[PDB]
Amino acid sequence: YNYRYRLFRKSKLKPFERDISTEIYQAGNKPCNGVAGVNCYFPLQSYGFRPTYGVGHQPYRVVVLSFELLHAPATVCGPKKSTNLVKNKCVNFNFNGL
Amino acid sequence: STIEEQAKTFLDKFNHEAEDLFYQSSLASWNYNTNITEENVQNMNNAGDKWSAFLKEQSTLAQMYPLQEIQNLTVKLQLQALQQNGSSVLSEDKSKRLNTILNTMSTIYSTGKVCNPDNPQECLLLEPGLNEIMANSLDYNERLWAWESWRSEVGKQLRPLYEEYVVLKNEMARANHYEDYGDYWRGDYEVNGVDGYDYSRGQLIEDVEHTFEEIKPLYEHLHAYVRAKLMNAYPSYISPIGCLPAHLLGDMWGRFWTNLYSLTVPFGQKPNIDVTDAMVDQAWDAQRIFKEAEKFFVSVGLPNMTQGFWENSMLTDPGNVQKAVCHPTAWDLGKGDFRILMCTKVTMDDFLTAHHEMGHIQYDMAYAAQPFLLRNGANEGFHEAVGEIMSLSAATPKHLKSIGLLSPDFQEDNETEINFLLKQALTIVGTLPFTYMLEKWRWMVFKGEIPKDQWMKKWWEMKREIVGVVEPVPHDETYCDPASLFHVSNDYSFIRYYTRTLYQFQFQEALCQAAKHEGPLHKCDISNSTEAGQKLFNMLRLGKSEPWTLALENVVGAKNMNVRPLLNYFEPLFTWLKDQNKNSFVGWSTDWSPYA
Ligand SMILES: *[C@@H]1O[C@H](CO)[C@@H](O[C@@H]2O[C@H](CO)[C@@H](O)[C@H](O)[C@H]2NC(C)=O)[C@H](O)[C@H]1NC(C)=O
Ligand SMILES: *[C@@H]1O[C@H](CO)[C@@H](O)[C@H](O)[C@H]1NC(C)=O
Ligand SMILES: *[C@@H]1O[C@H](CO)[C@@H](O)[C@H](O)[C@H]1NC(C)=O
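Protein chains in written order, with the authors' numbering: chain A, 444 to 541; chain I, 19 to 614.
Worth flagging that the hints you see were computed from the coordinates, not collected in a lab.
Each hint should be verified, as a subset may be incorrect.
Said to hold, decoys possible - For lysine to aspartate or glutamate, the following DMTMM-like pairs were computed, each having C-alpha atoms within a straight-line distance of at most 25 Å:
#1 I:26 with A:462
#2 A:455 with I:23
#3 A:473 with I:30
#4 A:473 with I:22
#5 A:455 with I:22
#6 I:553 with I:295
#7 A:473 with I:23
#8 A:473 with I:87
#9 A:453 with I:22
#10 I:31 with A:511
#11 I:577 with I:427
#12 I:577 with I:136
#13 I:68 with I:87
#14 I:441 with I:238
#15 I:313 with I:232
#16 A:453 with I:87
#17 A:473 with I:398
Just chain I, same shape as in the assembly:
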């Protein structure tokens, strides 16, 4: 007769009733995404609608159990997630407005952009594949032309839509008792239950700002070295004493700095560690790639992959003209119906991402034992962190030698491992400032911290203060640069990237110290180290059922954003690079004026 038992019975009904709807939606989505055709394209409509209606009905019904008298923490968190009705908590007019805004953003993303009539032959630099990595070659003026054209084609069109989205979402969050949309985002990382392990939502910002400062010298020296090493696409306005333009750094927005690789590695005589020649010579296909990747997780004690994974999953030869989006995907359906969506070709990136997707699937089957509202990563950035740490370890030269893809007599030295460290530091060290500044700008805007003064100048000065890159041309408020990115256009979480970046190296150092290793971290292979696998499984099993503080402290000693493992991994690079920066000074001029 007590409220607790009634809530227990209601959750026992809801967890069973949600499984069939979730499986229907997942299977319809998988079948549609495997091959785009009308007969299964139309299925996704009803599949989504039925699931949304059932969730809305359950959320409306879940109201009569108050949250005050709940004493069981499991059902407390379950109801807190369930009582978070989301888009169903407010009126219908705002619901359809938000749906229309999301549809407009999706159409803007899907619709391409064409150049001026003087050269309309090719204007699709996005492409349905990995070709988006390389957009323009070693250029100086038409690269900024492409940059400004894309910015003018996105921001001038999406500024008022984003402003109205911000207004309506702030109203939503205020209705749901949160301070703002940033409060709603931070609520995922907050724990208000068990004492001692408690973490408030307002502590994440200070934790991030405290953990970012311990790596500022590393980023400063790396950026100074890169700027000195460019030397070719020199800034025509500012001498190399000052800062550098932002467009040259690889991608469209500079999120990743892999493209700069070929422009800055000093030891060109020593080739990068490659297995492609052995990959082709030994007749390696996708099946062999995935078998080899599975052996890695089998060695560390993780269970054998379920039979039927290869049967159900598709990974080669799309065949149909309307090919699927070849981006990697890991699909979890019901229970035991784990599968992958892949476009394997024998390359570096595919081999690297195979382990990332394997880690995704492994985390999924590790936390599958939890109830429906709990089978997920503890933090928004835990899943990618688990994927990337396994992705980062198998690429060790020792593992390649053990596999046989590398020469048995091949010897490493202070010339090759430094190149490996530089290559993996371009894709990690430079990504932290971008994510950090983007998320802090997001939290400032969504909470109304900034005034109506044009947010673009604040964003530019903030990026040049953190990322240390000056914008090429001045801009007014008519542009909206961050929305040009997919995860801002579709309103996805962004701090998960920073959490992934730090947690990857935290668990790496923990499991590698558990892996009885001596010397630098980047040479240790966690293969045949069962204790590291058990330590990782200690946290992988919990999922969202336990506070993330418990999931982080039970493996690594610290409870918060401790960044020492990253520096302990990348210290040899820093020590070697200090010799190069013996003359190359460190420090950028934030007061730089490109217009002058």
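With the rest of the complex left out, here is chain A:
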């Protein structure tokens, strides 16, 4: 029960917007001032992962690797690809952009 997800919200979350707060959600016509009750439900719920669940309900770890480019130098790269080095030979070379 260490994993939780939100079930009710007033408006669809904007892209990459996050709302970690746990205020009482008012789905009804009247406010409830933080008191759980009719049409005022806690907006967090627990998965309750058991280890005999099927594939459709087993806990899947999900990583969303997002790439962001803005008006700043690209400080993260993935050029983890290098060959050997030979000398005394006329060859082509690309030394980190050279």
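Let chain A serve as the given structure and place chain I with the ligands on it in line with the hints.
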């Protein structure tokens, strides 16, 4: 701010919150039923109590959304199911009274019955297994002794409990706006939503009575042939011109007529189609049986069974002395945790029931996509129908030849297939009148249609009018015969059997005509016919999310209890049997008096 959106949010919460409780209860029940021991026996108490309390709280809370303004049919049906509070709708005193009555019925079922002190050595003819199929041998007087002893040991004890149960349940139904308990039962088959496909609750009785009449000649001729073929346990009071006693027909109550097989098949020279010798010779075990059964559903396009089904499910070698009830069971837990409870041995019945349980599981995983209040069969008899139609198709000789359990050179003729048809007609044709008369008697009693005049005489004359069997001895009101059956003792639905029986052959004919077959239905194997599988999956997916009329019309053309497929399946048997009945007249004397 509208009521509809509030109800949508409430149902969105409830569907998620019910899953954990249902999984807890299901896992506790499975672990207890796998092996009876105190440490997990005690778990089921709290597991059931927590689920019941959560359901009661949700049902009480669901009241503030009125049903009038609902426009979405899905949430309408969801709330209608949820607002049907059931045993929580009435006062607590009646609740504990009903709980005590259910516990007393369960104890009566569990507790055995002992014979007279002259022979108390063995009196457990029930047994924890399939041995209940065969209770007594080819007898005439001690069989009726056993019948009357069981009836006296059940009815004289359960008559007032059942009467008070009827009274309290009628009060419950009247409080819940239904006409009676029969109204509550029929409400499962009723659809009051989409027009054109609508079906009222009062139409089921007339549909059943209309669909029963088209097969009366078949049952009449079959019963006349069986009565003429008995010839050995002759009725000592009535000449074979009249009717026949009811106790001789196989089981204790005559629900199934398989036991009569060995007493009536004419062609004893031609053996019944058996694979047991090849079953043992080729070293077939439970794993091979279930793999072969799975291949059948794989061929017709249904998905590969989920990994871990065999791992979690147990099917062989109980080992522990306190063995589980070896009756077949298919368990659905949460999502994807489908499993089976089995006691496989290499026999005819186990091989036949493997496909039935596979069909159960397949229907479960087909409708698993629906919400929690909708993942179920559309009708109360849809699940057994889906199980039995797949169970009925794999037993074709062509399928056995393809598997290799039958001789490649083995030839069929007008002598073997007629025997196959007779064997499968004893277990189908005779079951319809029993279910029909039992359910109509149930509806008459629960609705107060019958007076205080002893219901036993009405039940007897009704059975002899429909089933065509006369009771062996007269009875007074002190007995209650129907409650002796498990599904009446525990108050379970019974018309699902009739619906299963008709729907099985309806979908069989539909899928077999889709299976490009020519000739009699009973020789067609739906294997490698993908169109039939797709047609069946068109209805299996919906579950309860759509009206049952839509689930029946989208595959078979008809929308109601159309019985033509059953007769089209069993016509060769009828045509062959007419020659036997050329001299054997058809018709029973309902005015028969066994006492005279
Ligand atoms: C009723 O409410 C459902 C709830 O989502 C609406 O959404 C449809 O749900 C059904 C499932 O029963 C799907 O088959 C549809 O594809 C869904 N449609 C949409 C647009 O989401 C549904 O539209 C509502 N109305 C009706 C008449 O069902
Ligand atoms: C089903 O699964 C078994 C084992 O997991 C595999 O051998 C077989 O090829 C599968 N069949 C299909 C149709 O995926
Ligand atoms: C169905 O397909 C399987 C696939 O190998 C085949 O072995 C079998 O003979 C086929 N059955 C029929 C009746 O065509």
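Going down the list of hints, with the structure as the test:
no.	hint	in the structure
1	I:26 with A:462	holds, 22 Å
2	A:455 with I:23	holds, 15 Å
3	A:473 with I:30	holds, 20 Å
4	A:473 with I:22	holds, 16 Å
5	A:455 with I:22	holds, 19 Å
6	I:553 with I:295	violated, 36 Å
7	A:473 with I:23	holds, 14 Å
8	A:473 with I:87	holds, 20 Å
9	A:453 with I:22	holds, 15 Å
10	I:31 with A:511	violated, 36 Å
11	I:577 with I:427	violated, 43 Å
12	I:577 with I:136	violated, 58 Å
13	I:68 with I:87	violated, 33 Å
14	I:441 with I:238	holds, 17 Å
15	I:313 with I:232	violated, 37 Å
16	A:453 with I:87	holds, 23 Å
17	A:473 with I:398	violated, 42 Å
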